[PDB]
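*Asks:* Take a look at the letters that make up each chain.
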Amino acid sequence: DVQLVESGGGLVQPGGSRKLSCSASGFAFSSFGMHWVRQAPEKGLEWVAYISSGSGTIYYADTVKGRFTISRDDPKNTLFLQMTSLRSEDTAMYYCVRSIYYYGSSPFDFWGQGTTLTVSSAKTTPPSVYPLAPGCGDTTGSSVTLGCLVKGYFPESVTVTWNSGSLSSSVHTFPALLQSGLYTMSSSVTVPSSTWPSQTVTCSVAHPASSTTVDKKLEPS
Amino acid sequence: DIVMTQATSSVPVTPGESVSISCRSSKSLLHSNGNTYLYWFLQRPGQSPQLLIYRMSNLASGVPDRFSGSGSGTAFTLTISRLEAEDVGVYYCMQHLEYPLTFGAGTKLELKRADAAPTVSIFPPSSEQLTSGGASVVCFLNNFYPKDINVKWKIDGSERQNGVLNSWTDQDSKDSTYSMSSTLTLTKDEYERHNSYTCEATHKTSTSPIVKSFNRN
Numbered sequence: 072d073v074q075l076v077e078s079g080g081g082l083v084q085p086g087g088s089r090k091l092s093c094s095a096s097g098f099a100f101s102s103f104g105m106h107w108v109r110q111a112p113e114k115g116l117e118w119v120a121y122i123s124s125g126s127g128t129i130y131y132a133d134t135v136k137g138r139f140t141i142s143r144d145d146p147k148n149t150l151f152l153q154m155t156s157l158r159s160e161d162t163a164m165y166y167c168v169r170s171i172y173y174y175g176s177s178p179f180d181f182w183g184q185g186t187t188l189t190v191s192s193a194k195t196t197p198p199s200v201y202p203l204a205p206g207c208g209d210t211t212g213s214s215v216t217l218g219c220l221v222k223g224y225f226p227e228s229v230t231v232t233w234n235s236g237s238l239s240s241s242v243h244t245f246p247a248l249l250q251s252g253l254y255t256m257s258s259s260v261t262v263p264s265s266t267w268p269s270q271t272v273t274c275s276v277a278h279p280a281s282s283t284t285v286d287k288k289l290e291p292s
Numbered sequence: 004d005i006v007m008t009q010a011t012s013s014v015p016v017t018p019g020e021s022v023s024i025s026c027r028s029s030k031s032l033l034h035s036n037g038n039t040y041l042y043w044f045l046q047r048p049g050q051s052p053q054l055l056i057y058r059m060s061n062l063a064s065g066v067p068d069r070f071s072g073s074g075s076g077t078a079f080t081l082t083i084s085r086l087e088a089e090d091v092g093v094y095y096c097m098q099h100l101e102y103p104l105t106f107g108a109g110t111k112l113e114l115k116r117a118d119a120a121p122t123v124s125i126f127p128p129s130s131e132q133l134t135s136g137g138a139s140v141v142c143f144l145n146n147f148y149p150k151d152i153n154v155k156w157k158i159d160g161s162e163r164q165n166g167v168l169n170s171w172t173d174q175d176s177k178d179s180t181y182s183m184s185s186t187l188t189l190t191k192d193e194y195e196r197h198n199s200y201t202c203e204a205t206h207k208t209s210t211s212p213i214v215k216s217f218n219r220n
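Chains as they are written, first to last, in the numbering used here: chain P, 72 to 292; chain F, 4 to 220.
Just chain F, same shape as in the assembly:
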């Protein structure tokens, strides 16, 4: 089959600036009839994909002229002149030269904003969960930017790697920040054998990590 290759993420850009999303094909999509059978779709968060560009350069009905398509036989570019907040989402290229029809992996476009440190909150396991034999220690790292962040867990000061699950949100549609939850799951016995629990957030906004702790007394 024809392989379509896209970059995974696009460098975040502020609303009103220009952005170019690139796609390439393992075989030329320029047909002998003069058409290049390349399609561009946008999938906004929680929405179905919608057509933006058909046959490389033609604009789909209802699509703003800030979108434009160009390219050659094996390389194609979708250009947005002035980014509008509603343009955030994943951009998929697709070839229609041959069946099976094949897509790029998608280029996720998100908004740039000023850096912001995370608000870190730590929560011990609830008594309710401890009655079930488990113990989840939770650490919320809320409203930070950029998305790259690192969390380290310490139990009685000693670092703990196994049993940690991290979940990032997508970019917040209101303030453009990111948030993430880090959950350390222990048995109840293991949790009650120790006293101090700590999550340390390392973000580019500071050299020293933001440290949150509790002692089970």
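One chain only, chain P, in its complex shape:
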């Protein structure tokens, strides 16, 4: 099958350099022109650069020209985006896109999975995890909603699971927002009130960037 696999993303300082790679397989890579297209967090698609089949033509977007260099290793089936003098605005997921140009061809017909580049001097920070349990005087309905507040972490890469994944149908993951320069998210789970606190409900918060995992067992008030 056709495959484009991007790599090289990560957390980089403003002003730093980073080379993105796109490994191609399953098609005649040398016959295709290649594009880089990026997508800033919660924004749209933005074209970055183009290198033709044979490397005879190269175009750059005005936002990256003079700082980014596109190149290709056709024997190794790899596309490269060398980035220098990185700015906050370069933060995005970067897609590699194949594009062959002939009479009746279909350009832009395959996009990679993307690699994430985060340009920031913010420090990697593990999250504080706070349980969200009903208050003392809460009225008991048939179902009860619990939660976990995940506060003050960086970069934005947290996973919250309930009872090691055994509770998933009634889970809500709320998107992280920036608060005081760090990220905050929450997760809620709803279970029958006859099962909690009778049985244990635990939220597990994984933050791989800080190599941290926090398990919070929900306790009744």
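Be careful, since some hints might not be right.
To be verified - Residues from chain F that face chain P, not an exhaustive set, calculated with beta carbons under 10 Å:
| no. | residue |
| --- | --- |
| 1 | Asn61 |
| 2 | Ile125 |
| 3 | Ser129 |
| 4 | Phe143 |
| 5 | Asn146 |
| 6 | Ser170 |
Claimed, not checked - Below, computed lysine-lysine pairings styled on DSSO-like, alpha-carbon distance capped at 30 Å:
| no. | chain 1 | residue 1 | chain 2 | residue 2 |
| --- | --- | --- | --- | --- |
| 7 | P | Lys114 | F | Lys207 |
| 8 | P | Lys288 | P | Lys194 |
| 9 | P | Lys136 | F | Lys30 |
| 10 | F | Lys177 | F | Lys150 |
| 11 | F | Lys150 | P | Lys114 |
| 12 | F | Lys177 | P | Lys114 |
| 13 | F | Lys30 | P | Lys114 |
| 14 | P | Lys288 | F | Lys191 |
| 15 | P | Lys114 | P | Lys136 |
| 16 | P | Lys194 | P | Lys90 |
| 17 | F | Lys177 | P | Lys288 |
| 18 | F | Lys191 | P | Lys194 |
| 19 | F | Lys111 | F | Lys207 |
| 20 | F | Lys191 | P | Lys114 |
| 21 | F | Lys115 | F | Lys177 |
| 22 | F | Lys111 | P | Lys114 |
| 23 | F | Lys30 | P | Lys147 |
| 24 | F | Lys155 | F | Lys191 |
Claimed, not checked - On the chain F side, residues computed to face chain P include the following (Cβ under 8 Å):
| no. | residue |
| --- | --- |
| 25 | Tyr42 |
| 26 | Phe70 |
| 27 | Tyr102 |
| 28 | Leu168 |
| 29 | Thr172 |
| 30 | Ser182 |
If you're looking for bench data, these hints aren't it; they were derived computationally from the structure. For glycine and all other residues, C-beta sits at the position ideal for the given N, C-alpha and C.
Place chain F on chain P using the hints.
*Replies:* Relative to the frame of chain P, chain F by itself:
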């Protein structure tokens, strides 16, 4: 550069109905050679963009015939005859007439369903957080439709606007509802100076808001 303009959101429509997403360009994409260099992509939630239409009207390989592309020099339409649940996502137009290649901002397509009131739950700050000097009061507004909702916070009955952060989920892939969290963040001193904390959810499903409260005793 050429500017591509799309509507931000599309009127939600139920699976099986038709929908048309429009795009327009600041300059005609009809080339002298007879081709119109307009491309349509779909990005499903959490997925990479995939080609739907190339050169305005040609269907990409593997794309169902319920998709079709049309348009003139400066205005283009992507039409879906019968909406399938997997068609939810963001639709981007792109011009390939000139470099730099430019995209529309994207049209987000979501599913329509019957209105549903939010399930509202309030949570006081955990003792753990209070040991850190902060105090977040959390209010979950779960499984409602449509997405438009309003939350008001009251402290001892008086309305509080500053310090509130709201986070909406995207449309739930299973029941097509929305959920949102509202978090009021106070210092510990400020939180312990007051007793009653309230979040009131105003949704189109009712004239009176759904009110959840706790008294710190």
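*Asks:* Does each hint hold? Answer for all of them.
*Replies:* These are the hints, each one checked on the structure:
1. Because the closest C-beta pair between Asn61 of chain F and chain P is about 7 Å apart, less than 10 Å, the hint holds.
2. Interface restraint check for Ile125 of chain F: the shortest CB-CB distance to chain P comes to about 7 Å, inside 10 Å, so the restraint holds.
3. The interface hint given for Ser129 of chain F holds, since its Cβ lies 4 Å from the closest Cβ of chain P, which is under the 10 Å cut-off.
4. The beta carbon of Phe143 of chain F comes within 5 Å of a beta carbon in chain P, closer than 10 Å, and the hint placing it at the interface holds.
5. Interface restraint check: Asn146 of chain F against chain P, minimum CB-CB distance 8 Å, threshold 10 Å, status holds.
6. Checking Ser170 of chain F against chain P: minimum C-beta separation of about 4 Å stays under 10 Å; hint holds.
7. Proposed proximity of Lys114 of chain P and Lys207 of chain F is supported: the alpha carbons are some 28 Å apart, at most 30 Å.
8. Note on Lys288 of chain P and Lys194 of chain P: the hinted pairing holds, with a Cα-Cα distance of about 28 Å set against a maximum of 30 Å.
9. For the proposed pair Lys136 of chain P and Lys30 of chain F, the alpha carbon gap of about 24 Å is at most 30 Å, so the pair holds.
10. Between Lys177 of chain F and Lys150 of chain F the alpha-carbon distance is near 15 Å, which keeps this suggested pair within the 30 Å criterion.
11. Using a Cα cut-off of 30 Å, the hinted pair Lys150 of chain F and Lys114 of chain P holds, with the two alpha carbons roughly 19 Å apart.
12. Restraint check: the Cα-Cα separation between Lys177 of chain F and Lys114 of chain P comes to about 25 Å, which is no more than 30 Å; the hinted pair holds.
13. In summary, the hint linking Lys30 of chain F to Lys114 of chain P is supported, as the alpha carbons are separated by about 23 Å, within the 30 Å threshold.
14. Taking the CA atoms of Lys288 of chain P and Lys191 of chain F, the gap is about 23 Å. The hint holds against a cut of 30 Å.
15. Distance check on the hinted pair: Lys114 of chain P and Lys136 of chain P sit about 21 Å apart at the alpha-carbon level, within 30 Å; holds.
16. A C-alpha spacing of about 21 Å is found between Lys194 of chain P and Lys90 of chain P, which places the hinted pair at or below 30 Å, so the restraint holds.
17. Between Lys177 of chain F and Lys288 of chain P the CA atoms are separated by roughly 27 Å; this keeps the pair inside 30 Å, and the hint holds.
18. Between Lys191 of chain F and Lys194 of chain P, the direct Cα distance comes to roughly 26 Å. Compliance with the 30 Å bound is thereby established for this hinted pair.
19. For the proposed pair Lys111 of chain F and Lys207 of chain F, the alpha carbon gap of about 22 Å is at most 30 Å, so the pair holds.
20. In summary, the hint linking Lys191 of chain F to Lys114 of chain P is not supported, as the alpha carbons are separated by about 36 Å, beyond the 30 Å threshold.
21. For the hint pairing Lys115 of chain F with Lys177 of chain F, the CA-to-CA distance comes to about 13 Å; that is within 30 Å, so the pair holds.
22. Restraint check for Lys111 of chain F and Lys114 of chain P: satisfied, since their Cα atoms lie roughly 12 Å apart, inside the 30 Å limit.
23. As the CA atoms of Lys30 of chain F and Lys147 of chain P are separated by approximately 40 Å, the hinted pair breaks the 30 Å bound.
24. A hinted pair counts as satisfied when its Cα atoms are at most 30 Å apart, and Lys155 of chain F with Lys191 of chain F qualifies at roughly 21 Å.
25. Using the Cβ-Cβ criterion of 8 Å, the hint placing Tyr42 of chain F at the interface with chain P is satisfied: the shortest such distance is roughly 6 Å.
26. At its closest, the beta carbon of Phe70 of chain F sits 14 Å from a beta carbon of chain P; the interface hint therefore is violated under the 8 Å criterion.
27. The beta carbon of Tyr102 of chain F comes within 5 Å of a beta carbon in chain P, closer than 8 Å, and the hint placing it at the interface holds.
28. Proximity of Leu168 of chain F to chain P holds as hinted, the smallest CB-CB distance being about 6 Å (cut-off 8 Å).
29. Residue-level restraint check for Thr172 of chain F holds (minimum Cβ-Cβ distance to chain P is 6 Å; threshold 8 Å).
30. Here the hint on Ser182 of chain F is kept, as its CB sits about 5 Å from the closest CB of chain P, short of 8 Å.
Hint check: violations occur at hints 20, 23 and 26; the rest are consistent with the structure.
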